[PDB]
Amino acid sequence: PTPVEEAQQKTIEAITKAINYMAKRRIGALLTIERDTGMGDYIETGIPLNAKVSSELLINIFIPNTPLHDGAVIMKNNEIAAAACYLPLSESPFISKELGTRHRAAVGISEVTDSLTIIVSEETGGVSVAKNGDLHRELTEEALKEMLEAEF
């Protein structure tokens, strides 16, 4: 495997470990992975981190009632670019009516970029992904990891 591929695998491991931990504890989270459409306009709305990824940092960011927990984390490649970022809210009628702003923001960014966004519900602990305007709910750990692997 090349260094790029190994770095990708480490980043996917860090993300899945963090999401799994947050899902178990019903810690709401919103994590957007930039792909080929640049997200600088949204990154610039948040608090700049430009930090190396770790499962530990991702978890610490989303702890309830902390400065960084509200809004999206946006990742670029192997870095956490910014936290507490704004994303546009989708008006799609295919978002389950019981879902709140984190899911609507995720679908919203996925309507205007090729990004992949992961959402942890604070209500149920369910994990979903938004991509290309569609929300896929109730993912197993295996499904999320396979989705991430395919995105890279």
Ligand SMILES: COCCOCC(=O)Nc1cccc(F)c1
Given for the second form:
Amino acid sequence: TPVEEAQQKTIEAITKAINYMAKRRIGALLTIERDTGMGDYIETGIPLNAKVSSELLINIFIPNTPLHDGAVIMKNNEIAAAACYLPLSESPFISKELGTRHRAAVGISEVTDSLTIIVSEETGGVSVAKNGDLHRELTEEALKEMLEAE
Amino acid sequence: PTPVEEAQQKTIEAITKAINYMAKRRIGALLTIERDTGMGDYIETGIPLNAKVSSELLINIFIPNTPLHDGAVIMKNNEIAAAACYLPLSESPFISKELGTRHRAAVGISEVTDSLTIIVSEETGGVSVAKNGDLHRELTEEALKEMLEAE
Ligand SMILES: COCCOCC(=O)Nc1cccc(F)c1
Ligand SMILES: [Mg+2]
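I would like to compare: after the form deposited without the ligand, may I see the structure of the form deposited with the ligand bound?
The next block holds the full complex; its first chain is the one shown before.
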């Protein structure tokens, strides 16, 4: 169906952008709103309400640019805003070598049903936060499986 | 001011802030503002954004060596319609010989539309505008803003 084709196109755009950033070790933080509304966090960023593309996702996260600091939040198959604030987790069970991007992802996942993707600037490793847990060192296939399951 | 007028002012402020930032850093840029002649054919050649304007997004689009930086951004009213768009190249002899493809594309679209295109030179940081087949170079910040307000 059209709804199904659109969801698959968005998954492909996300995974292509994540692969590019993982290869270049570009830090990234991408939260996908689900049933819990995240308007309060969307409002802290720069409004985009843009069509998803791998190109736009990559351009947003380039280091030392206006939009790269903070989270992209996606809602209703669009990029709602960039450079958004997310709350930092205080969980003592996050790997101690991880920094604020990962703590922000876990933090939003503690108070919403959202799915957040993180690319590490240190290693290019890809992780996902959901339900208060961080799933680390994902393969491309693992991330795709999580997006399709979501 | 009406909301339409306020939105137009917000969009002009976003554009001028972005152009000033890129000019200072010699970031090449090509930004076409659709007017009454529709530019759908050219919009459809690029990557669709249909995004709210911000200075931040305009700057992020044109950063060198990124997916969206080559080609034109085309704006429709208060939105960035698409990036990395094709525009036709002018053959006008009144384009300074040292100028490259962004300036020629800007003049080219200006010959077949009533659009206003802004160009930032990656060589000099100079700012120019193409309208109605003419290129006006080395604009001050004030001159650009006045041209946009008049547009
Ligand atoms: C040019 O292709 C680059 C692909 O990089 C893949 C890579 O190193 N890490 C990676 C990418 C996507 C998801 C994931 F869990 C991990
Ligand atoms: Mg002069």
